[PDB]
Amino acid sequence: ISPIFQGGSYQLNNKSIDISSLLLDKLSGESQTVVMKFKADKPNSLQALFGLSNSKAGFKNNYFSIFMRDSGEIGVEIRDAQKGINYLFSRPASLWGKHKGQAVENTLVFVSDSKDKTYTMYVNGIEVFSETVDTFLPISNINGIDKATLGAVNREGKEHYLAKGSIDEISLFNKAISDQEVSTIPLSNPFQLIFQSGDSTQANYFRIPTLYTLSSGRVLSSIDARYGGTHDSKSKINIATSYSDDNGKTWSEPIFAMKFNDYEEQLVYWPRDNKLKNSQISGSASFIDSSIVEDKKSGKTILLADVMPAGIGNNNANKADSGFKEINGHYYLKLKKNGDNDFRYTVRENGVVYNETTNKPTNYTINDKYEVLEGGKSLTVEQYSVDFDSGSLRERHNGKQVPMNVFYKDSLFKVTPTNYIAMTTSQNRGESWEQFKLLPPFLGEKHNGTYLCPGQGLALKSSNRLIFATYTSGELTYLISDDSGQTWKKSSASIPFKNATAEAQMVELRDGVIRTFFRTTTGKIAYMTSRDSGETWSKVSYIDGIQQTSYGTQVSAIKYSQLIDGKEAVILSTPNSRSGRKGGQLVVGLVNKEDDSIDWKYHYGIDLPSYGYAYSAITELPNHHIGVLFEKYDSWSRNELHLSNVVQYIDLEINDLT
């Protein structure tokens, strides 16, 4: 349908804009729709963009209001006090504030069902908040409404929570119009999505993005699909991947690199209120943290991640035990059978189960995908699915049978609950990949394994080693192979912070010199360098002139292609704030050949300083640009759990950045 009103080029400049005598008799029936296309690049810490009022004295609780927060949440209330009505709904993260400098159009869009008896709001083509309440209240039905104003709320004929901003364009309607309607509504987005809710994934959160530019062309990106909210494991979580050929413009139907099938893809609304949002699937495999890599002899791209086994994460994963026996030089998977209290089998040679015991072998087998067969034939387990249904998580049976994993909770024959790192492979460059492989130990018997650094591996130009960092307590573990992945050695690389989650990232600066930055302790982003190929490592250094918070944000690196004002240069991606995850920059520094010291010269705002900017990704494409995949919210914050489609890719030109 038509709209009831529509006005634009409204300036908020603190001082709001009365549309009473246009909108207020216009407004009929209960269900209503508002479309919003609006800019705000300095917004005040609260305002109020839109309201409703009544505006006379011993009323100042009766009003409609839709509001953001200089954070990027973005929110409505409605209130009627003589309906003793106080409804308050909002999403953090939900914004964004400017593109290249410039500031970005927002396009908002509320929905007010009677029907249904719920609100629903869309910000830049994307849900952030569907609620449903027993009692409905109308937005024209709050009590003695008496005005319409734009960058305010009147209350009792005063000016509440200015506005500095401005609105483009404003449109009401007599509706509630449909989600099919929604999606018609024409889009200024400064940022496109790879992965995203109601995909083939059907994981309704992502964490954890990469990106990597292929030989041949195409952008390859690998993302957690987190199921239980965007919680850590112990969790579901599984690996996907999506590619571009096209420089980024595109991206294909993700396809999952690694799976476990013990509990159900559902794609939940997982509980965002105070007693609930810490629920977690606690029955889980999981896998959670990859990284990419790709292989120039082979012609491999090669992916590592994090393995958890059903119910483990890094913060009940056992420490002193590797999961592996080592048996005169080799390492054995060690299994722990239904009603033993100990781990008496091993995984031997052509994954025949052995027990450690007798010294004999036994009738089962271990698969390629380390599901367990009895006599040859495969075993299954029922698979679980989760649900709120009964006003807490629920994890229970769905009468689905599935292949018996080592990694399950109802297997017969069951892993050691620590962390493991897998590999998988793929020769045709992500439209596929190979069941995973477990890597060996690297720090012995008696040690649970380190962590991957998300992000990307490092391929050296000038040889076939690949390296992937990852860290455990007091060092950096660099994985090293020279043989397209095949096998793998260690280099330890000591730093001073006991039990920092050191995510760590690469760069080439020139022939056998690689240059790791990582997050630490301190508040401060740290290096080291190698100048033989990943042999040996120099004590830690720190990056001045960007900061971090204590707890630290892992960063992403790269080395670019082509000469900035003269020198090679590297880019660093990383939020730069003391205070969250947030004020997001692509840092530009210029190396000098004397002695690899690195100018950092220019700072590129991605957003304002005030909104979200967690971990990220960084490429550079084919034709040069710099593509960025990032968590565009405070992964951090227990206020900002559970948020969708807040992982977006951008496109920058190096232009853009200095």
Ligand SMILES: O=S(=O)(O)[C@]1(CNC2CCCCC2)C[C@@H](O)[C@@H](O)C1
The other form holds:
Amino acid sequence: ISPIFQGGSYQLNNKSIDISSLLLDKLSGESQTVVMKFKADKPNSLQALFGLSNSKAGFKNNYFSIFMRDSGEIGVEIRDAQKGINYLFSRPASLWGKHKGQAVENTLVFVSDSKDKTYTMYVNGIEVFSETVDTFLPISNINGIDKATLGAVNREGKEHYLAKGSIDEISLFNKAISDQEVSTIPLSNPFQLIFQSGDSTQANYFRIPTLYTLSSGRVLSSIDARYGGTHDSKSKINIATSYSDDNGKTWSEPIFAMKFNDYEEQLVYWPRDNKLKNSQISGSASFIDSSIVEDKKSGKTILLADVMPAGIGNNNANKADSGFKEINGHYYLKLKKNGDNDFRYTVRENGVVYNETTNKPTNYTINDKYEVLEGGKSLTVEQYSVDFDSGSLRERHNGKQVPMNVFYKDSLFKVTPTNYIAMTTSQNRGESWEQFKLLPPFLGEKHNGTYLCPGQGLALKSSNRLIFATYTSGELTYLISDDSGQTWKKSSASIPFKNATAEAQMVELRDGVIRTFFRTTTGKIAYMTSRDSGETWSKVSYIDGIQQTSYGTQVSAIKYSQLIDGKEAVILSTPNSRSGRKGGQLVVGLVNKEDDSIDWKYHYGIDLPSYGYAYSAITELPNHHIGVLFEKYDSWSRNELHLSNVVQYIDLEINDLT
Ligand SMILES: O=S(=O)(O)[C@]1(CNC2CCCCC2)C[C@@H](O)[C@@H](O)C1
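Would you mind generating the form deposited with this ligand bound now that we have the form solved without this ligand?
Every chain and every other molecule in the complex is listed next, the one we just looked at coming first.
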């Protein structure tokens, strides 16, 4: 079908443009699609892009509008006072503002479908909301419509919600165009997606991106595939990965690096209302926060992540129990058997389950997938699915059987309800992953596992040493391996913080010199230095010149391979704001060779200061561009929970940053 209306080059400068004569006599039938290509790099706090209204006195609540906020939110209102209808649909963090110094051309598509009674909004190729209603209100059937407006809504002859921006193209169709059709509309996106709703992971949500450039030139990314909305554990979360062989132009279909099957992989639209949004999958095991390094020695890629047993998260994990019994030099995974109130068992060599109370072996063994065997045979549990059919979250058996895992709720033998760190490896650069193995405890029998710092581990240039930063109360705990991850030891570095989420990332400044940058509770990013290849660590200092909130945000960090301004360069990625997770920046620092101090010389704004930017991943692509994969939303805000396709990837060049 053809647009009944098509116009462009509309400058919105706090003055509505009336297009009533061009549009009103052509609105026909009860279904409409609006396609709008627009820019808004300096929007007012709340502004209408498009409006259809009854403009007469006494009918100020009879209008349809497409609006946006300076937070990046997009939405519509559909109101008819005589029909008693006041629909408001919206989603935070739906828009781009600027990219590489220029206003981004957003592509917006809104479908009002009478036949299915559904209102669906797409922005930049992403469906941000789709709402079906009992009583449908066609946008052209609003009682007394007599004005079509750009850059405002006309109410009682007055302009409301005045917009600043530009509508470069707007088209209206007297049809609800299909999802298939929407997919054919040309986009001008400054970003691409690696992980996305509906892909192979079947997670509707993603969080905690990573990026790492392998020696082959392949770029690898890992991520939390989060099923129960965007909530941290407890939940159902798997670790997924994808790789690019063409400097980030295209990405492979995701696979799992670490997964559990106690709950079904379900694509679920998690409720965003104020009654149900804290609904949380509470009976599932999960992985959370992954980190990647490549080992020169073996050529293996190594991925670590936190492991959470069923129903466990960092809020309810036992802080005073490692889950391992130390017996003469060795650490054995403790198990509790159904019926017992204590942990009377351990897993010894060859997976044998040993009764600690009789000092004798049982006929149970644990396999390499942490599954339970009895006399060599696989025990099973019934899998769970989740639904909101009853108006609240329900977790229930679905009739499918899966291998019994010691991390599961229904298992005969259960691990200690605390957090662990697991490792997996890949021999083919991310095409497949090994079964995970638990790392040993590093802080004794009576201390929970440390928390993995999301992002990259560090492979030292002049040795085969591998380092993964972790944090716990009062210290950073670096996990160090010199034998391709076969064995590990800790190096503790005290930090003057009680129970801080001290997410840390490292760069090798020069041979044997490591600087770690980390999140704090002070509003400032901190750092410490090793000249020991990680053996010992300096006192803590702070970067003055970048602001975080009181609660802080993960910071990603790389050492650039090329000189900038004749100096060695470190690039940081972080929100730069004392209010929320927004105002994302790359910050380029130049290293002063005399004291290893860094002058933070250039700040590049990823998008508008008011637009969302949370956890992030950066890596130098093999062609010396910078790849950035980041959460484009405020992942702290309780208004921006459960958003799909907000983890996005961009390509930048150094000249863009300087
Ligand atoms: O120097 S490495 O530590 O092996 C690494 C890769 N360096 C190449 C050097 C050549 C250009 C691309 C980046 C940097 C980290 O951010 C990881 O991406 C791995």
